[PDB]
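> Chain by chain, the residues run as shown.
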Amino acid sequence: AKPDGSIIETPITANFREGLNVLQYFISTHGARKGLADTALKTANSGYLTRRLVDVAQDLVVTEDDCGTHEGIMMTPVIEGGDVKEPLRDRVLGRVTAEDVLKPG
Amino acid sequence: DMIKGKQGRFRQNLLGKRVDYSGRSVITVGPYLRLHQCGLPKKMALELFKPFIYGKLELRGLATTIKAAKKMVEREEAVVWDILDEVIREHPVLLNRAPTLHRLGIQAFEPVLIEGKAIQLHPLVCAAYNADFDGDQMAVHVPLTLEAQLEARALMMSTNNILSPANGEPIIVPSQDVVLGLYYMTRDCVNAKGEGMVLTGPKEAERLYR
Amino acid sequence: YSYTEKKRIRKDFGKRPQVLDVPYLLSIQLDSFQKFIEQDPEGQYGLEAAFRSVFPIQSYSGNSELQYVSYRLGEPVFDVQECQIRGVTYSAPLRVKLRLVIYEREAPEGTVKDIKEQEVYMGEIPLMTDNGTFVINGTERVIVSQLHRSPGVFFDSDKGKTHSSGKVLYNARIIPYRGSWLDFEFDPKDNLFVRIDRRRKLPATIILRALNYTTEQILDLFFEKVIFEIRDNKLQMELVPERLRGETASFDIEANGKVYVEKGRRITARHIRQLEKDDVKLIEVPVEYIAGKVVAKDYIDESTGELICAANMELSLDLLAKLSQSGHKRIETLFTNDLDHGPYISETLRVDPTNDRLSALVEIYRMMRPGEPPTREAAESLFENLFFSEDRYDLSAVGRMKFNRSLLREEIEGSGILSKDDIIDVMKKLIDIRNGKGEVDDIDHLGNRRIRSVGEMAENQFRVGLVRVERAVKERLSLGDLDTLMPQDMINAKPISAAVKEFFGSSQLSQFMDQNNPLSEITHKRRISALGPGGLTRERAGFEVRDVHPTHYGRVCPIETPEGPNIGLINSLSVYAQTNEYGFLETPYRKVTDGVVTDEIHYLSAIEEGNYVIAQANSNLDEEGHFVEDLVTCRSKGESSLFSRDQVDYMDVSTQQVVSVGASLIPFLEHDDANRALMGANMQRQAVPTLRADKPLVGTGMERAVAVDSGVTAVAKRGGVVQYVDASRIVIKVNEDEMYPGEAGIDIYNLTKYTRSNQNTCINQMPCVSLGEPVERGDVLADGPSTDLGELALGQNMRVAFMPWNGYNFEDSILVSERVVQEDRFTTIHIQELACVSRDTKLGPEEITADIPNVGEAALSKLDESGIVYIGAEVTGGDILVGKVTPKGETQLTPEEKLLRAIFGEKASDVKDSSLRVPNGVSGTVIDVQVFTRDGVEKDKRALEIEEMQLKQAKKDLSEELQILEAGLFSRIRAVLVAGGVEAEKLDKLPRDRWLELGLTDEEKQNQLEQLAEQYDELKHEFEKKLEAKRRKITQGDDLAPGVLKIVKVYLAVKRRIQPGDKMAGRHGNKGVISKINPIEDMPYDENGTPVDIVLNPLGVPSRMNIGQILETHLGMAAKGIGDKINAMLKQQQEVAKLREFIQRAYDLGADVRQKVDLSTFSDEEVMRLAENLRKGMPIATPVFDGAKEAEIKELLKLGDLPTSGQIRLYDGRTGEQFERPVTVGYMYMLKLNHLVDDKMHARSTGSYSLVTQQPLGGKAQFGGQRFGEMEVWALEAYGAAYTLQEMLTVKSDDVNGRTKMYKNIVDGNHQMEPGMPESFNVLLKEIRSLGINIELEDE
RNA sequence: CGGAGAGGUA
DNA sequence: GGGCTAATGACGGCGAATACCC
DNA sequence: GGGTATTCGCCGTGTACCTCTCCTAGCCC
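Protein sequence lines correspond, in order, to chains A, B and C.
The opening residue of the first sequence carries number 748 in the deposited numbering; numbering runs sequentially from there.
The opening residue of the second sequence carries number 329 in the deposited numbering; numbering runs sequentially from there.
The opening residue of the third sequence carries number 3 in the deposited numbering; numbering runs sequentially from there.
It should be emphasised that the hints constitute simulated quantities derived from the structure, not laboratory data.
The beta-carbon is built from N, C-alpha and C at its ideal position, and this holds for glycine as well.
A portion of the hints provided could be inaccurate.
Just the calculated beta-carbon pair ranges, DEER-fashion [stated by the list, open to error]:
(1) B:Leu508 / A:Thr790: 26 to 32 Å
(2) B:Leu342 / C:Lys496: 56 to 62 Å
(3) B:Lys398 / A:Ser793: 41 to 47 Å
With the hints as extra help, turn the sequences into a complete structure.
This is the structure we're talking about:
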């Protein structure tokens, strides 16, 4: 990307094993500076977000073993388009069923 | 206005709650320490456990007063090394990264007294600490009452905290060097010295390779 | 060529001839301060401009006016060095001639009296060392040049005023060089508002009302009149083809009697052309279009004058009838509708509630100054103050020039104040931008930001001081005596002195010299801070201004900036960049005639670069400067392109002209990641001088330029032959052709030796030259810190092997050989200052004495009789350095204190101990003792001794000069006395000085002998008076605060060795700490059995992209291989021809490389010394983007007889089996960063205790605990960790009684704590209870 | 030493 | 002396306070 | 009608440290 965050017409056609032309390194510097500023800002904002989330969630402690609540959530493998993004196998692990599952047949 | 300042009740959050019985130092790698161990400089230990050392010294009768204990420790005599080994036999310590962004950011370890001036952190734990070895400084604290020590041992130590508390799954995964060693050693070739024979268990595999 | 060059030629691999050498790298500071302090025959920057602007000073009445004549800089009381050693500023007094003239009261002016105060002293201003540095309190301080937006017009896009809406607005801000800002902004409704500074907006035309303008005048200024004719039904229009494209078809445009363009469409260019070729000028238009028009001027009745139509209101059929009956044929309306200055001003006037000057002035006065019942006189005064004051509202020449260019004026300059024409022009251009055909000024374009260096800021502070003094003198002249009085009776040095001193002492741009590295200095003085008084804010996102604009190419370094919260705000000047006269930056560029790139250079400005097209610095040129490429890479606006070789305008002068001096030194910069090379450049600066300076075998060639240009290098001012070399002084017998009239004799260079830099890093100079060595102007006489043979030597060259040796290199951690500790390389000296000041107290003035109560003989045994420790004593933390005692005039104390001092056996006296002991944690050897004693205080033995040493130094210098002078005099008197008969025989037996008593024939020869006798006497007298003046300089009282009696500064020298934890980092962005000091024989070793100094994790290379360090390793391996071969031949004592041919081969290696070879050097001795300096490798110069190819490196490997892959098989000295594959081994230049492990350890269990918040804080004898921040509490919280939170908050943090009892319990041998009643809880409980609120302790 | 302002590092 | 003594070259939110089309 | 859509003042500030400065002020005896 270039300043304004758009891709340059001519790529950085040089490797690091081979040399970099002055203009190529100049262009590459934009991305590095952008990334470093992004890093600092994201560190600060992540600290703030951790703070707000901790403040909202801190007064929450597991205190009972079973409340008998047969209520629960439908819990499905997330699929977008043709591709299954995540497996229900991953999700189901570590949960407790709200009903007694049956066979698909 | 004295009810509330920043960031709130002064003595329970910022600012600024600096606490004693703690230290801070740059970190080095020790690839000989076991997973429940951290390499801690001898001077750092000597100045982190001065009260415990004084108690032991007056317990053995080696000192008759606090002044004698002070002289005894400052003279750096060989006797205090046994005293410090005793008070550090299994007394764990708590290492916390300067930013703690997840639960593992602070973990307990068993300290091994080492020469040098840096904290020898377990290589396999630094990935969990989300730290590196670039001059960044780790911080040690000593849970110094019995019950805090046991809270450290049962919960704080890296042995009992190996899975990420974010998604489960081990957080103590080999990261960059040991994984390279294993990937090299377990690779195969199509022809090399020692090809094709049969060996009595990995006994003879070790014997023949070495 | 150079004598220092011929001592050690660093081989270069550059392939493009370097047109234009590197300029003096401190040119910015020298240019700024010379512009500031020189004399000016006109009005130009500096004290001259400030005086001409402020002066003359006129009384309110009495014709008592003070006239400026001239200013001269007082000769400084001290030179730079003794300013350093005395803790005072390097200051030159300012003396100005002022004539107070009083005329007749009252008549046509003719002076009744004139009183001329010559050279009035209004303050002593700091002077610059010529190294771009200001000594302020005896310390090197640098005025960090600022980058700030230039005064003038500022066309920007308003994107935050939208308030959740589209159509980003426009704004035009007039920024004066000083005065009040002006703002013309739009709204989401296309209404133009004016904000004078930030105060709430008003409609723009209100100012026009205050500027004496009527609605008709305003409409005439902006809108073009539209003529409507009273003829036939529906009236006719004088058709204009230039108004059909700025409006839509909302009426019937007819041609030849038929409507060609119907109402409703959009008029096209084809329609306009067809109407023009139809030649129709009067068109029948509907009356509804006439009504929709808005009239441009008032129309009244022709007989009674009653108003029927007024400007800027729409037309109607009733108004049409009124104008027809009152008599009208022509109606002048506004040219409205979007495009071509749409009715934005009409909308503003509709919003504007004023139509006359007085009401507008009232409103503006009330809104500038809230409340304050308005007065039209006061409003006029305030408006004149805000936009027509010649003394506090300035645009300056730069502001006027940028202003005219922003308005694209044919003018080049003009008034420094604002005018009505200026405001109308800026409104016109803002309206043009609103129309979508103007330009928006780039906020970060370097053609819109300018460099304010030290000179401009200093003269601005002097102008403020002149303002205060001007107010004072204006008051005094009117109030003061009408008769003779002295012009210094109303001139006070306090205002100007305070302003200038505050500027140079505590301004946010007067930074301490970042002084631990000649690179650190030379880049700190070139720093360009967007911050400052008038710049950005430390918190600024700012994401566009943090990020690099494509106009920074060759002006500031894109890749060098601190990684903290101010990346991008703090740039560093490029190598070749410099400031124009206005303040904008320029880059040199070779002019390309038509196809020939001339060596002629033009310093293209930031905006000048925009118009032109510039070829890349990597173009290949043959013949006389023709491109070998018909198609060449170029850059026109910041983006790359491929352009015809005959279409380029300019060429980059150098391949390295786009980096800072910090980044330019990194070798193989074209192989690192930009981010990683940025860390590399930032770690360049943080290197600390090692025990010896070691050249980098792989370099860039700017090391010599940086070493020479920075002042750490004693450069030979005048050429000659070195008459004397010593560890402290260099004495040059100057060449006679460079000798001055009379006898300037020798040149003495006193060398700084072990003086604390601002970073506590030792700086000293090693004399690199020897006796009788010829030197010419501009060469090195002595290497400074981190410098070898005039080459910048940041770190040292280590043997390196890249392989993850037994896991001791995990992330970037570096394993070092014990050999490194053996060689005492990477060993650093550090210098502390422990300033012990004697104070004058109300119980008795503190005294520095050797007798201290309640101390043993051991502490006193390191002290002299004066209470100051011996110079050179080995001390540790706790030992007494300065015997400070405070007279305890208060003998009354509490009974507890007396009982305690009686029982404990402590001494009881009427003086209390105040000695400055060595802080716990530092140690070393005392190397300097400085005593500052202002007049009125006795000079103790140590002060007398340091005075005697300084007198000895001055006397030795003056005595050597006397030696050369009297040698010449006695030689010529011997020549005279020998002539005129046989007299040489007794002359030989008579002493040289005893030739003044020998007789001579009474002739002109005797007269000459007598004349030279008086010459000898006069030179003697000059000697004693110079010695006396130096004694006065070294003996006079220090500039010390009155409450302070004496200052005793002791310097502590520690020689820190590298050890585990030291962040010893590479040059290319490599990082890492010392993992472990594994022994020499455990290091990997080649077939030769040679161990390896450094083992680096090979994991850091393929992830962090800095494979440049690998190329450095291979090239250093080749270089040290050449060094090994040459060293072997030296031990073999090969023929000088063999060394000559081998070295010629080594330097001849590479194609198109220009470095030139012997034999042009001396046949044997120079070749021998060159080889002797080359036996530790070939220093290789690699231009950053024009450097060595891999094939050339491999060629050097062949010449070194070492493997072509740079890989040789090691054996693990641990086991002793060759590794399964060969590994990479070479030589790498490694830098020991200032982050030393000793500086990073601190740990405690007890110690310092603070108040209010009980927690360990402050001090360095035992530093406080660790900030157990809320993040750590949260991490404990996420775990079931509960108790450890309780101890880290309650019992070992705050509660003093709990901490004491719990420490007692631990000392008792049991780890004990009981919760009980939390003390903080009880405190907060009582605190709430005092509020009349009861807290119940009900349990669940 | 209680809290704000500034440079540097991570 | 001193002892009393009652803003524009940051950035974003946010309630109060207005601004405006149908 | 009424919800945007502006204007009108206050205020908060990742992590840790290294250095520096700067801290209720008015005032009648």
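> All hints, please: hold or fail.
Hints and how they fare:
1. B:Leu508 / A:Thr790: 26 to 32 Å: holds, 30 Å
2. B:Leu342 / C:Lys496: 56 to 62 Å: violated, 43 Å
3. B:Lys398 / A:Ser793: 41 to 47 Å: holds, 46 Å
When the structure is compared with the earlier hints, a violation turns up for hint 2 alone.
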